[PDB]
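Just the one chain here, laid out as structure tokens, in the form deposited without its partner chain.
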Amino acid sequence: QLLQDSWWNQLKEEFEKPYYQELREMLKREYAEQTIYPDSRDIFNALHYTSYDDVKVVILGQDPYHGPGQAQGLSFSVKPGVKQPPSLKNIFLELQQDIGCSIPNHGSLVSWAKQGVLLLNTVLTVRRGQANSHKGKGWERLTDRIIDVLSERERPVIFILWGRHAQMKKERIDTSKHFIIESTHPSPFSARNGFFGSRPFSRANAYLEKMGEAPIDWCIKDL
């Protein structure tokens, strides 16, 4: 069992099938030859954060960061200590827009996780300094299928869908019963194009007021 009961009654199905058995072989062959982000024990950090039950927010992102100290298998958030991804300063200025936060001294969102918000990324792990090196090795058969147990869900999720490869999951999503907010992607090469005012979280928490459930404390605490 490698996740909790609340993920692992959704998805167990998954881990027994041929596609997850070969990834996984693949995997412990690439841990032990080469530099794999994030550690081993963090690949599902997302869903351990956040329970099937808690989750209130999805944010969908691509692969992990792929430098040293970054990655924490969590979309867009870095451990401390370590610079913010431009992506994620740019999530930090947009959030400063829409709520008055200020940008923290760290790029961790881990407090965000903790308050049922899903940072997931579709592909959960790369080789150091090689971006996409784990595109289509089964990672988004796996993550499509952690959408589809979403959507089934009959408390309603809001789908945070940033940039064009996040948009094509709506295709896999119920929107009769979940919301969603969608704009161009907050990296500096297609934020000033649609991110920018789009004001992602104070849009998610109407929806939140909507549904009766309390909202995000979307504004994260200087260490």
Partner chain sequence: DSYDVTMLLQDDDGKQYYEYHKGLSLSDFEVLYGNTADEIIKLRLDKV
Given for the second form:
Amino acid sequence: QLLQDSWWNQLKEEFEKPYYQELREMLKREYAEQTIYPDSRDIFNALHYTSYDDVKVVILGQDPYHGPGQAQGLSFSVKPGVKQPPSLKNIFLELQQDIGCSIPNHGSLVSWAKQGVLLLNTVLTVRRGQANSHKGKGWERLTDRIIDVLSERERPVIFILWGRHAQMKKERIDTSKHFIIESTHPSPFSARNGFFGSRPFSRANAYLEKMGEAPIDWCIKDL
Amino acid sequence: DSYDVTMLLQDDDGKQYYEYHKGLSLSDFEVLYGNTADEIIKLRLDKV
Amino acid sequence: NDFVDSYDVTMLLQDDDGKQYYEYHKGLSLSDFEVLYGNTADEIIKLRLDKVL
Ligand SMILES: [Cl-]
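Would you generate the structure of this protein in the form solved in complex with its partner chain, following the form deposited without its partner chain above?
Below is the entire complex, every chain and molecule, led by the chain shown above.
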């Protein structure tokens, strides 16, 4: 058993399948032979921090950061102590305009995860310095199933889908129950084309309040 | 549809170094640019 | 501006009918480059961004 009960009860069948065994064997070799991010112990951190029952909001990313000291097994977040990359800075700028939060002295979003924000990347590992190097190795099959089981959940989920790749997952999500907040990506190429001014954080909280759920405290505190 | 991306980056100590990414879509490139934390000195995009 | 850097941008572009042509841009800020990228409709064959010392 690789995950806590509420996730394992939804996903255990996937981990038994040939594609996962093949992926696991590839990763055992690559972690031993080269530099893979995030650290192997951190691969499932988004699910460790945010149980299936506790999910309130999902923020979908693509693959992990590919530089030393960055990836935590969470979409967008970085370990405390490293520079915040440009997209993450833009996330904090929007958060500041939307909610009012000051810009933090680190880029770790663990606080969000602990409050029910599932920081799910669709690909969970990457080779150092080589973006998208673990594309098509099996992760997308598993993370599609994670999206499926969230879509199947009775209690509504709020999905925040930034950019074109994240928006492609709309087809997997049952919008008769779930909520979608979508915009252009926070990358500097696209942030000023819709992401800025989209107010995703207050919008998410407004959906939560309508459902009688406690809102997220989005502001990140300095370390 | 597929691109190689080369960047010359400069770290906080002033060291310049190349990164080489291969077989990215333009969408992947746009995300990569937003995931690049050090100062960009040169950037090259080449269609494969 | 003594506190800001500029960049040169060269692109080899291909039009809808297949003709390839160069475009040269000089003295852009980083933000200008990002806006230019978004405003480029023709297909990118090559793109070069160079910080000016
Ligand atoms: Cl976008």
